[PDB]
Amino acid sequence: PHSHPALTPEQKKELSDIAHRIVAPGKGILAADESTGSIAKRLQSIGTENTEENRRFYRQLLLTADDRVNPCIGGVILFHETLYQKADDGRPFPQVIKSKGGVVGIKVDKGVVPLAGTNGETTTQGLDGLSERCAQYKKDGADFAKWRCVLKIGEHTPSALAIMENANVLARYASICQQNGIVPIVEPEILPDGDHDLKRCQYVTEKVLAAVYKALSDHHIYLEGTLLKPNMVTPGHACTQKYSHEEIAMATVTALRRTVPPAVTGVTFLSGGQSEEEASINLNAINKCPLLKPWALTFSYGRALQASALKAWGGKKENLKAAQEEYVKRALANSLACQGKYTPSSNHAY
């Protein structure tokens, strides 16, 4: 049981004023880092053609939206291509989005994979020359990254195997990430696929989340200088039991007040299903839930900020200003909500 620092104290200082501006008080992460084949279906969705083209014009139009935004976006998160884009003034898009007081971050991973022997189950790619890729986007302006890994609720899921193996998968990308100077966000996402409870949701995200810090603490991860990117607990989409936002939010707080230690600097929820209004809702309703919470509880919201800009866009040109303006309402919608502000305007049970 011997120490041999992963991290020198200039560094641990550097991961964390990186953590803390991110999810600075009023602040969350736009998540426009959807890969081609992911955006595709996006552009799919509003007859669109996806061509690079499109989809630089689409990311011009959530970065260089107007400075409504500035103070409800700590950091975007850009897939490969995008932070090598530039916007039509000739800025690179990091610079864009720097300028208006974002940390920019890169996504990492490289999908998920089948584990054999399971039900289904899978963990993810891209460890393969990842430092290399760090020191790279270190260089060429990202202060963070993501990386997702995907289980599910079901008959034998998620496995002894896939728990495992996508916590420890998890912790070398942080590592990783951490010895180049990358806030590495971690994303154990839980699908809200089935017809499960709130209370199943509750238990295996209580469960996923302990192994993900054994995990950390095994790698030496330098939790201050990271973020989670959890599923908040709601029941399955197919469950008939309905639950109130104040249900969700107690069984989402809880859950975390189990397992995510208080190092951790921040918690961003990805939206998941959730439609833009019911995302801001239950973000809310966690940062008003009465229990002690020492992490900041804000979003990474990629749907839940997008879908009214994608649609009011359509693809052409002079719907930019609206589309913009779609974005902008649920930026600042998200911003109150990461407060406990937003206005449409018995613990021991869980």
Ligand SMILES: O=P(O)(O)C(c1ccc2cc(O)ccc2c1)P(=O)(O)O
Given for the second form:
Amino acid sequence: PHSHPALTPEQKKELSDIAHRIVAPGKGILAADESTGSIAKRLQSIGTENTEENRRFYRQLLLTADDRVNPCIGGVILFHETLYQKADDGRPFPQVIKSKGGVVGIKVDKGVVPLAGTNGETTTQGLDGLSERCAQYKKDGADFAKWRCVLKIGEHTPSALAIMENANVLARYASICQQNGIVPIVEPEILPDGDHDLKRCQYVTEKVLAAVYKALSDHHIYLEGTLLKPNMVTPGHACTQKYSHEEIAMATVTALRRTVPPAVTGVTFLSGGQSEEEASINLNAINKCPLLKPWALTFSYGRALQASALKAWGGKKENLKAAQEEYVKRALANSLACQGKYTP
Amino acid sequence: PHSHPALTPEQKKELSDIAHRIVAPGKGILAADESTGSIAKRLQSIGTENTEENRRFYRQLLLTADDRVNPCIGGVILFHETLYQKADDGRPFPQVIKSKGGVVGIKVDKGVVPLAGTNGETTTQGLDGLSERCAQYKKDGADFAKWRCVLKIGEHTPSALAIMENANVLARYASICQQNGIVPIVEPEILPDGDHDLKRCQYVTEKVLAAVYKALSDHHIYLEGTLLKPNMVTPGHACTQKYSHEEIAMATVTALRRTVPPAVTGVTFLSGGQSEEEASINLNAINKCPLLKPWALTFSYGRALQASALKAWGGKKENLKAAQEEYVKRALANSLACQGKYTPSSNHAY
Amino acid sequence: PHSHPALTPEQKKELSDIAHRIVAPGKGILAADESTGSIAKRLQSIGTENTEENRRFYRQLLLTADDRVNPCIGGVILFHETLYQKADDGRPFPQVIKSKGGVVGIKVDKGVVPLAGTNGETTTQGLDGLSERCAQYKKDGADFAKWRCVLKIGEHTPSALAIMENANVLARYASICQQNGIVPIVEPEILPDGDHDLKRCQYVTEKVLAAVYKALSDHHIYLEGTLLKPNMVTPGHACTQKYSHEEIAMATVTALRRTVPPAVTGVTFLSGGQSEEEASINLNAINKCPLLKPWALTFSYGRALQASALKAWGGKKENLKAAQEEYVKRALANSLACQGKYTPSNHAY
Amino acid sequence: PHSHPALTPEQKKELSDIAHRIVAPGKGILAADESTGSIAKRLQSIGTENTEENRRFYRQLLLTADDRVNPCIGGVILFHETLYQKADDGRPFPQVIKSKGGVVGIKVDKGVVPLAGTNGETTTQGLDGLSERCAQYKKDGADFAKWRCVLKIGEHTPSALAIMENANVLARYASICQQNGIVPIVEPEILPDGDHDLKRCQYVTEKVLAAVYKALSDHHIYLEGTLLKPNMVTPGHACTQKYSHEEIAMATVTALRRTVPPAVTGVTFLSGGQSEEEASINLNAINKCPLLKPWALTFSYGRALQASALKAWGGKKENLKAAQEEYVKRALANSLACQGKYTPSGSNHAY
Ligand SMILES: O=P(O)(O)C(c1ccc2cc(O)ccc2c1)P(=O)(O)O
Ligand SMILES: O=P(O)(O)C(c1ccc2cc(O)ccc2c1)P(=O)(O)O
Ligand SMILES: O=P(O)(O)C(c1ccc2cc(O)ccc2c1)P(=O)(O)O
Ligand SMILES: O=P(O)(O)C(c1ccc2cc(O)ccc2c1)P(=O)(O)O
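Follow the form solved without the ligand with the form solved in complex with the ligand, if you could.
In what comes next, the whole complex appears, and the chain from above leads the way.
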């Protein structure tokens, strides 16, 4: 019952200012932090070899798009390798991001691991030496981080253990980040896999998030210096029933209103399995929902910003401009969506 | 991880409609739910005998104040006895309240009891037969309820046990109320007793409220059909340091923003040990605080609405108009305060 | 992290002494604490009218059985009404129990109530004014109490909420009891209803008991001054897979060994739906189980001590002795069973 | 509310057999798992250079003691480095341990880290890639592991957060170990630092252990395949009041009886700040305590087995037998203590 402040007022101000820059009006996050094993599949899908150069080039493609994205992109999440790579003009990618008015983010988790005694549930690892890494990332231009936990809706999942453990590791990660001047993005993703309906997803999302913010409270996390990256509330991929974008928006905003304290600076939705357009329309519906929403509601999109660019590129240097144009298309669409002004 | 809905959509709409009516803009709650043993202290302090009639008359005095209070009072909390009493003209008090545009509330807890193994901490009892009582109260005109838990800031308090137990009993009470169409007011009062400073109170309040809303989630409570009745964040009574109303306001709004989900319909502050004027000024500062507040921020005042009326009355029938006038003045002041329009005459430091 | 002792050494000794008397070797508990609504069903089943007199008479029948039961019965749980009734010789029943060497117990809970938002799960009420009632019961001869929580094995039950809520109310009840010199019997009964198998019951029992004793710890309960009244670990009533009494015993003792601190003075099993004989055989197997058991393992039986006596009585005054003889028969059987003296792959668990 | 078994019957049997071998009657654990940075302090204190060779030689000194220790030592905990070092005859140290009838253990945690928002409290790290490490250690001869959490008794500590977090990380570590056939030693150490009295330590130990075993339950840990390594219940170092060994034993055994399920195979006490002799006397008092104790009560001693041997050695090879002799002497003393048979010649409700 005694306060031993985790953060000084100066530390708090820094975190809050960073968090606010990332989700400033009209702005969202480009998620380009695919691990080498994850980006491999994407290159493979356009018949491109998974080399450091192709990864460097593709990231350059995204990060060096014209200045039309500048007001659309408040932050860019990088994977470790990309943080220390350079553009053709010799500029480190973090410098490229900052020069276009963006904040640099770093994915810091080390993937999921199985929870014994559960039906295929996982927790996430990556806490070991995390404090030193965060200090180093901070020096090298990073101001926020990402940590992904994954939960599954099934007959017996997500279990009490899975919810409790994932909420706890998220809280530990968030605590270490804030000690090093890094804004943590808390990502408790509930997968869309399954035949569950919308209100089951809403129920699970509400329970997961209540657990998350209790955990953050127990660990003395400064919410104004954090962001939330949740799934939208949607039916499962195999659900036959159909819902309008307004119903999805209503269920999403409702779940958040019942669990997310106003002090949280912003919510940066993941797109999950949604198409580029679907992701933009839902985000727009969410921002048009008439209920009171005391946090920024924007995007942290990977696929939903990149899918078309990757295809237009096709691994061919000459299609650079064509590819970039597709990315700018989505960045502009989503900058409008997070203001509720997007009309396809 | 499977939903067995506690409430149907219609039950939800009813609770939500009630909750919103109580804290509509400019409106707050008159807390007149003092137990017979509690009102005894009030009457004795003005040299008046504690009889059922004097209790009936005093409550009548408040409930029949002129129509200037109508837009000020969205709800009135009554103690059991008063719910079944009548005004001089034969009208049941609940009818008196409703005809003036108010919602009728009922205090349903049965007081604090000691928690063994703690430094003088308590939980609250009153769950036994609560469902039957609530159904009966609902039938008899009550639409919301009050349940008071008490926590104290000390060297080793509030303990983990006290916080967990009180949050859990509050959630049980809220669940039972909502099954019977009653809106529960959740009151986790942190007493002002002690020499703690403002930021100690803010810390404890944040921890208490986080535990409260985790418990409400675990018990499947419909937040849109609830109200919160917390202490304002203030220094302890014995704290020598001094604070402005703006700091009190900032600390209060900050604690709430960090713990109370937007879905909560409203926050109805208790006045605690504050004077009538102090309570109004603080509530006004809270509503002027520039930070974003996604819930109604209003009052659930007992002493802060009644203190002057009670004194002007003095147990004498002939002081009716003078006494009622004091009550109306405070009702008017607080209706302005809960809109941030009352006149008595940002920082990451929190 | 600071101690504010709930009990003095003297209070502790009293509670511990009581707990040990109740479960002394060879002894168990007669559960005669059926509420008026529950005993109604039994009287009805033998075509007897549910009157205060028939209830008084039936209870008298059990409490005044001959001295062969004295070493068998360490405790008798009564319902409120019975606590204040008298035998034909004018003696209050508590005095009748004590004179036969028994400890007097009182059921203090006020029944189950539904938990909203769950699939038919309940918690238990009865905390209001419980401290005053306990103080009064203590004056009137009661030295221990009973509080029954009920949990159900289903597709989505027992839920996290149900386990947490029932464990917490049990802890509150135990705390209040110990403040008033009453030994609380903690009964988190997991019902046998359903077609679940033995290891599901063992799993649920292990999880419930872990929750119970964490709760008891959080509420500063003095375990040496408590008793546990759990279900035995058995398959569901409708389970098609068959088990031996040795497997039931192994699963039961394993579950307890994994959850029940040694400091707990005794385990007094409820018989549930088991027959009189089945209850005795299982209890005997439990005590024969070769694993180490650091608590007394005995009985708190209602049906398993009374079923035959009730039928033999049949509501006829003249059948008193015949009825009593049936009860004595079961008391003797279970007194042997709780010593492992009754004759009618450990890692697989 | 549905079981998805973490372990098969065969996995359970393996873990149980290992746990039982380690704490068989008369046996305890030699804790020789001091990290390179921790062992540095011990060598410096005897004016010896902290080199890999000197560390190898010193560990060799302990592990190759004569066969009088064989019935005394059920297990030996090694630090990573030592697990892959060899004796002079080319034998890997794990084989030396096994040939003397001992089980091989490995410390797998990566030290404490600060918990933000607390008064100097910590949790422990080391879970990352722990499964892979455990699989490798198993392959390389290790059958059990050690993970140390540290809690401190102060005015506002151990806090709820500290207790919960450390209990939870211990449960994660135990879960991963058991998936890889490794018996986890659960060590929730409450430091003796401070001026608190005996009953404060007993109170805190009881609360910590209750949290530990709830956490282990939540994470589906197989208790029969675990060991507990707790502090004894003692007053703080700076406590002015004095207590007998009988009182220390009573408080220690009482705390365990109130929290540790019978299914736990054994309790291997840490000696903490105790002298070699004090550690043996207390352990002996614990085993003579008349209360019922349904688990093995033995030792997992570092300093209390090594202190005298290390000084007698002084870093000089010619003092080998003398140094070993001091180690053997403590091993024999503690083998007797964990049977309640140790002699220097060789109210219950108050708690
Ligand atoms: O065909 P692909 O390359 O897998 C493509 C896709 C899928 C996931 C992606 C994830 C990313 O983070 C970035 C780009 C992606 C692109 P989609 O599945 O949307 O067609
Ligand atoms: O003379 P008292 O009884 O102390 C008076 C007082 C105190 C507490 C009160 C509490 C109430 O709920 C209603 C009226 C009160 C009136 P105050 O302290 O405000 O003068
Ligand atoms: O015919 P009944 O009343 O159901 C009879 C019975 C059943 C439950 C009983 C429960 C008791 O607590 C005491 C006596 C009982 C007696 P049984 O079913 O065992 O024959
Ligand atoms: O002089 P040192 O090296 O500090 C010695 C000591 C202290 C702690 C020790 C801890 C160990 O794990 C193994 C040996 C130790 C030896 P002590 O303090 O007992 O004399």
